[PDB]
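K.L.:
In case you want the letters, here they are:
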Amino acid sequence: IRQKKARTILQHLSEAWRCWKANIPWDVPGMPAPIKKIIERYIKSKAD
Amino acid sequence: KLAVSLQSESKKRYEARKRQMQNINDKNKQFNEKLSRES
Amino acid sequence: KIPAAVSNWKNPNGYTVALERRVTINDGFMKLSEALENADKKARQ
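Protein chains in written order, with my numbering: chain A, 1 to 48; chain B, 1 to 39; chain C, 1 to 45.
For the record, the hints were derived by calculation from the structure and aren't laboratory data.
There may be inaccurate statements among the hints.
To be verified - Straight-line distance between alpha carbons at most 20 Å, and here's what the computed PhoX-like set of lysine-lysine pairs gives:
#1 A/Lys-5 <-> C/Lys-42
#2 A/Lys-21 <-> C/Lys-1
#3 A/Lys-37 <-> C/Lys-1
To be verified - A partial selection of chain B residues facing chain C, derived with a Cβ cut-off under 7 Å:
#4 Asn-23
#5 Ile-24
#6 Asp-26
#7 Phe-31
#8 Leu-35
#9 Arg-37
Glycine residues also receive a C-beta, built at the ideal position from the N, C-alpha and C atoms.
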């Protein structure tokens with residue numbers, strides 16, 4: 001399922017980046033573990 | 001009769017969803033309801 | 001299921017959101033303080 005889900009997911013990505021810059025721990029309750037891993041992966045590459 | 005059945009069933013579905021809809025802003029309360037479904 | 005994204009930094013549509021979404025000691029410290037307290041007692045006496 002794509003159309004709305006994409007716009008939701010990338011907001012979580014951007015929020016994770018803000019949390020990284022703030023040094024706030026990004027933790028979303030009920031986030032699926034694999035999607036959590038994907039987002040953290042891309043946040044770490046952007047951070048590097 | 002097939003055309004009439006499709007029309008009437010479309011009307012019934014449409015009006016039932018309207019009755020469900022009728023039970024700070026419309027979008028903001030829909031977002032808050034979505035967050036209540038999330039929990 | 002993906003949760004709805006609620007930012008603490010951004011609010012594009014101006015939604016008023018429920019407030020709750022917008023929101024042990026290591027033993028060495030005890031040992032350190034105790035040792036300094038005993039050293040102070042030694043000084044006094």
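K.L.:
Hint numbers the structure violates, sorted upward?
P.N.:
Hints 1, 2, 4, 6, 9 not satisfied by this model.
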